[PDB]
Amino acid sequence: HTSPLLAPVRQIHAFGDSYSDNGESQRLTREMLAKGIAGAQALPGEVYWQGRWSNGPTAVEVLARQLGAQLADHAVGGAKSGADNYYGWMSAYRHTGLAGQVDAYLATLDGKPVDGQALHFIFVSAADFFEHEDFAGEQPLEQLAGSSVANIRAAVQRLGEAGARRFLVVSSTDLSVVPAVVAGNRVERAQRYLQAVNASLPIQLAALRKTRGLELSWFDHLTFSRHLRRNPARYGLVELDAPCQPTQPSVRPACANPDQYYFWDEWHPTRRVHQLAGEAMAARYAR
């Protein structure tokens, strides 16, 4: 039996990665390019919509629209759960990890209070796994999962310490069906990591929610994606595996019917899946 809906939201502060970013990695990499930062690249690049790592608005943008909230979206493509980014060359200019987004948020209050009504939305960890796999991380995946969880709990604790009261924390996505993971023959590694994060994180956050009296909602993205991928026709989806916009090994022309595609590129869902996700994320909240 469902429980009462949480109180309405008028302001969201979003922290996370390429699954939330609504223009920060674009703004930041253009600033880094203008300053000649070593190794800087224009992200996300030309085959993406208005600086989103997709062909449309991300889930949290749709969530804000659904809830009737203003959105401050601090998320940065590649952001890890700690201080830094998949893109290691960013660290010289800015710490764009979850921890760094939290630091920058709290630094820019100007000594005004945190908005205790504002929803602090956290959606991060995929970049931890991608960096570990692409650059041959030494740690066991179980340890990496442990670090991701501890990093996210530390971020919720630091935001709450500053006066945040309301949180929505997103689980690991299903990294196991990400085209790049399938192509890298890394499906079992993705399963192990995501199951370890998604088992531990809600237990760790439950404890923090109770100690601090937080309002903290957990969005199970894995259950969400399983339901889409089991019954795609229901949602008008046709292609669950092939990217609409291939980039690897090189850019090829976009598919004709992107709203019938799950994946935009080899890592990121299309605007259609982002819409369904943001609509599903809104389910715990009164409008």
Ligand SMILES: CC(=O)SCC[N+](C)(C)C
The other form holds:
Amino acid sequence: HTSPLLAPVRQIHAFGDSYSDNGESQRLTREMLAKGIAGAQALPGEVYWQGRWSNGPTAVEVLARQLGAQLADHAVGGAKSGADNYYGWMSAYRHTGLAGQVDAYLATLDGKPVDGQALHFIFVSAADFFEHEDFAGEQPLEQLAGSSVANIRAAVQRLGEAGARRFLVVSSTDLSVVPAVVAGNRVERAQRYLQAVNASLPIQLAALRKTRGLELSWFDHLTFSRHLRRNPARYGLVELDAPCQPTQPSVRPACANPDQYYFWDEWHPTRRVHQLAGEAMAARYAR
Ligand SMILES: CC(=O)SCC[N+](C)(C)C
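The block above covers the form solved without acetylthiocholine (AT3); next, return the form solved in complex with acetylthiocholine (AT3).
First the chain shown before, then all remaining chains and molecules of the complex.
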């Protein structure tokens, strides 16, 4: 039996990575390029919609629309769970990881309290895995997952310390079906990492929720994607594996029917999947 819906939401503060970013990586990389920061690149790039790492709004943007909430989206594409980014060259200008987004949010309150009614939305950890795989991190995956979990728990604790009371934390996504992971022959590594994060993180968050009297909702993105991918026609999806917009090894013309595709590029879902995800996340809350 379902439990009572949570109270309505009028303001979201979002923290996370390319699965949430609604323009920050674009703004920050333009700033870095202007300053001549060594190794800077324009992100996300030309085959993306209005600075989102997709062809349309991210899940948290759709969540805000569904709930009748204003969104302050602090998320930065590439953000790790700790202080820094997949893009190592950003650290010279800004710490854009979850920990750095939390520091910047708390430092910019301008003598105002944290809004105890605002939903603090956290969606991070994929970049920890992509960085470890792409640049040969030596940490065993079980230790990398434990660091991801610790970093997310520390973020919730630090936001709660400052006055936050309401959270929605998203699980790891199914990294094991990401086209770049499939192409890297890294399906089993992704499965082991995401299972370690998803078993441990909700245990840690439940303990913290009780200790600090928080309203903290857990969104299991893996259950969500397994249901979509097992029953795609129900959702109007046709292609679950091929990116609509190939970028590796080079950019090729986009598919004609992007709303029938799961993946936009080799790492990121389409606007259609972000829409279903944001509707699914909204299901725990009253409008
Ligand atoms: C989940 C993210 O923030 S990743 C963006 C894509 N990347 C792994 C190639 C940096």
